[PDB]
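Participant: Construct the entire structure; sequences and hints are all you get.
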Amino acid sequence: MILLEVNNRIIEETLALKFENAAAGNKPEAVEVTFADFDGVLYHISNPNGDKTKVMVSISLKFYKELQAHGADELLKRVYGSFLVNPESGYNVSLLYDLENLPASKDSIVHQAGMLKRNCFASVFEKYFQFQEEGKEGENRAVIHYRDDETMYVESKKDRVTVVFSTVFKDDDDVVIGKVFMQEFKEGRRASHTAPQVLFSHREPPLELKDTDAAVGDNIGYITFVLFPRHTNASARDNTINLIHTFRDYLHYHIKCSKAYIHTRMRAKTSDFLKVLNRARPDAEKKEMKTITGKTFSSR
Amino acid sequence: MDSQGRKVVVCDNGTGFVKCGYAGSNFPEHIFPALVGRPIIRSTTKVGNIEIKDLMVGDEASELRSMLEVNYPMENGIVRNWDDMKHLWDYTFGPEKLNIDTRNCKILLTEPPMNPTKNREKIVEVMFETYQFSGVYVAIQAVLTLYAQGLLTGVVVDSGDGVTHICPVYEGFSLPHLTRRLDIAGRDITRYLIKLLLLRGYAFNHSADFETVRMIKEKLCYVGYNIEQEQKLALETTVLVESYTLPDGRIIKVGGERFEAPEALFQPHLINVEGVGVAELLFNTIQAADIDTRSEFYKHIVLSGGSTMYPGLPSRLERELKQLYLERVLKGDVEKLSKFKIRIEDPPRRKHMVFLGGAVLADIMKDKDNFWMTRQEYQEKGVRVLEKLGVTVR
Ligand SMILES: Nc1ncnc2c1ncn2[C@@H]1O[C@H](COP(=O)(O)OP(=O)(O)O)[C@@H](O)[C@H]1O
Ligand SMILES: [Mg+2]
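Protein sequence lines, in the order shown, are assigned to chains E and V.
Per the UniProt record's numbering, numbering of the first sequence is gapless, rising by one per residue and ending at 300.
Per the UniProt record's numbering, numbering of the second sequence is gapless, rising by one per residue and ending at 394.
Bear in mind the hints are in silico, worked out from the structure with no lab data behind them.
It is possible that part of the hints are untrue.
Think about it this way: if two alpha-carbon atoms lie no more than 30 Å apart in a straight line, the pair counts; the simulated DSSO-like pairs of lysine-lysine are [what the hints assert, rightly or not]: (1) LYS195(V) - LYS290(E); (2) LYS259(E) - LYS179(E); (3) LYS195(V) - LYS286(E); (4) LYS46(V) - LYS286(E).
Facilitator: Below, the structure written as C-alpha cells:
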C-alpha cells in the first residue's frame with residue numbers, strides 16, 4: 001500500500017454483516033462498536049435506546065465548528081438522504097439505518113457509509129470549490145482544524161484555491177525525518193506534467209497567514225498547494241479532495257515506513273561487516289559432517 | 001577388616017550417587033550414580049551390538065542411558081522405590097562392584113537428618129533380612145563430615161544431589177534444634193537448568209536427557225560472586241557463551257544460564273521455594289545458637305557434598321555472610337567489619353567427606369560389640385534394635 005485509502009474497513013464490515021443478517025431473515029442481534037480513525041476521529045456504531053432494529057453510526061471530528069457553519073451540510077445531505085439524523089449526544093454527525101427499510105443493492109449505501117469522514121471533510125471543503133466555480137473573488141477563506149496542533153488554511157479566489165498545511169510532528173525522530181520528507185516535496189512536480197504548484201517553507205509563515213489564527217511557530221512547516229481550475233473542476237475534484245484530505249496522514253505513514261525500509265539496508269551492511277570480521281577466524285583443518293538436525297553423520 | 005575376618009564396609013547411599021568402600025580407606029573404592037534402568041526402544045536411537053541386560057544398574061546404567069529408561073530409587077533422601085533400591089544394593093555388593101559375602105560382613109550406612117523414621121526402619125529391616133548382614137550402624141552425616149575434616153566443632157553445610165542440610169556441632173555435642181534442612185540441591189538445580197535451556201529451544205524431556213543436563217551443569221555452570229556484576233557481564237558482553245557437545249552430536253550454547261541455574265541455592269524464589277538461601281539460612285542457624293558458640297561457629301564453616309563444588313561457591317558464601325553480618329550485627333559499621341573473621345573450610349576432596357568420616361569412624365569402632373546392631377538383636381527385638389543408636393522407636 002502506497003497511497004492511503006479513504007474508506008474505513010470496520011464500518012463497511014459491520015454494516016455489511018448486519019445487512020446480510022437482516023436480508024437473510026434472521027432476528028437482529030445487539031451491536032455496540034466504538035473505534036477511532038486518523039486525525040483523532042472517533043466512531044461509534046450502536047443502537048438507539050436498545051432498539052435492536054435500528055443501527056446508528058455516529059462520528060466525532062476535530063473540525064467541530066467549521067461543519068456547523070451554514071452550508072456545510074449540502075454534500076452530507078445530498079449523499080445520505082434520509083439516513084442523516086440528529087447527532088448522538090457527544091458526537092458530531094450521525095447516520096441511522098433502519099434494518100427493515102433497507103433498499104435493494106445494499107452495497108452502495110455501505111460503500112458510502114465507510115466514507116463518512118471523507119464526506120464530512122469534503123462537505124466543508126466543496127464550499128470553496130463552489131466559491132471559485134461561480135466566478136466570485138474574495139469569497140470566505142477559513143482554517144480547518146483537521147487536527148489538534150496542525151491546521152489547514154483554505155482560501156478561494158476568482159481563479160484558484162490555495163490550501164496551506166501548517167504541520168508539525170510529535171516525535172523527535174519523526175521531526176528529523178519529516179524535515180527531509182517535506183524539503184524533498186517540491187521534487188515531485190517532475191513526475192507529472194500537471195501537478196499543483198507546491199511551495200514549502202519553514203523559515204517564516206506565508207503571507208496568507210497574517211490575518212488568521214492558523215498555527216504558526218518555529219517548529220512548524222508550511223506546505224502550500226495552489227489548486228487551479230484544472231484540479232477543482234466538477235470532474236476531477238473527487239481525487240483532489242481525497243489527496244488534500246489524506247496528505248498529512250500519507251506523509252506520516254511514509255515517514256514511519258522509511259524506518260522499516262532503512263532497517264533492511266542496515267542488516268545488509270551488518271552482514272557485510274561480519275564478512276570482514278570472518279577473516280580473523282582461522283579455517284579448521286577437518287570438520288565433522290553432521291545432519292539437517294545437527295546429529296553425528298552416522299555413516300561415511 | 002576386624003579381628004574376626006568380617007569386612008567392615010562403608011556405603012554412603014546418596015540420592016544422586018553411591019560412594020562405597022572399606023573402613024580406613026582414604027578414597028571411595030567405587031563412586032557410581034544411583035539409578036536403575038530398563039531397556040526400551042526409541043525411534044531416534046539405533047544400537048545393535050552392545051549387550052543390554054533386562055536390568056542395568058549404576059555405572060553401566062548411566063553410560064548406556066541412550067538405550068534405557070532410567071529412574072532413581074531415591075529422592076530427597078527418601079527411598080521412593082524399594083525394589084529398584086534392592087536392585088541397586090544387589091549390584092553394589094555384587095561381583096562387578098564391592099565383592100563381599102554379606103552373611104559375614106558389617107556395614108556402615110548413613111541418612112540425612114530430619115527424615116521419616118519408617119525409612120531408616122525399613123533400610124535396617126532390609127539389611128538384616130535380605131542381605132542378612134552381621135552388623136549395621138546408621139551414623140549422622142554431619143558427624144561423619146566433622147570426623148573426616150578432623151574437628152569437634154563446626155557448622156556442616158552438606159549440600160548433596162538430593163537435599164541441602166545445615167547441621168552445627170559444638171565441642172562434640174549435637175544441637176538438634178538448630179539442624180536446618182532446605183530441599184534444594186543438585187537435582188532441583190538440574191531441573192531449573194532444564195527449564196532455562198527450554199527457554200532457548202532445546203528440549204530434554206526423556207529420562208536419559210536428565211543425565212545429559214546433569215553433566216552439562218557439572219562442566220559449565222558456576223555460582224556468581226557479585227550477581228549484579230554477573231548480570232552486567234551476561235547482558236552487556238558475550239564472554240559467558242560456551243558450547244557443549246551432546247552425546248548424539250548436537251552442539252548447544254549455554255550463556256547466562258551458567259550462573260542462573262546454581263543461583264537457586266542462594267535465591268530459592270527462582271524455583272518457587274519460599275524461604276531463604278543457603279547463606280541466609282546458615283546465618284540464621286548460627287544466630288539461633290547461644291551467644292558463646294557463634295564466634296566459634298563462624299570460624300569452622302565446613303562445606304561438604306558434591307553440590308558445593310560450583311566454581312566460586314565458597315567465596316560467594318563468604319561474601320554473603322559478611323554482608324549479612326555487617327547489616328544485621330554491626331548495624332552498618334564498616335570499621336568493625338575488618339575484625340570479623342570467617343573461615344569457610346572447603347577441602348579439595350569435599351565431594352566425599354561423608355564417606356571419609358564413615359571410614360574413620362568404622363576404623364575406630366570395628367572391634368567393639370556395643371557399637372554395632374547385631375543380627376541376633378534384630379531377631380530378638382525387631383525394629384527396636386535401632387534404640388541402640390539413640391533414636392527411640394518401638
Ligand atoms: N562439580 C560440580 N558442580 C556442580 N554440581 C555438581 C558437581 N558435582 C556434582 N554435582 C551435583 O551434585 C550431585 C552429586 O553430589 P553428591 O554429594 O554425590 O550427591 P549425593 O547426595 O547423592 O551423595 C550430582 O547429582 C550433581 O547434580
Ligand atoms: Mg551425601
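Participant: Decide, hint by hint, whether the structure agrees.
Facilitator: Now for the hints, and whether the structure bears them out:
no.: 1; hint: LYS195(V) - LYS290(E); in the structure: 27 Å, holds
no.: 2; hint: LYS259(E) - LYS179(E); in the structure: 15 Å, holds
no.: 3; hint: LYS195(V) - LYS286(E); in the structure: 34 Å, violated
no.: 4; hint: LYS46(V) - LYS286(E); in the structure: 26 Å, holds
In summary, the structure is inconsistent with hint 3 from the numbered list given earlier, while agreeing with all the others.
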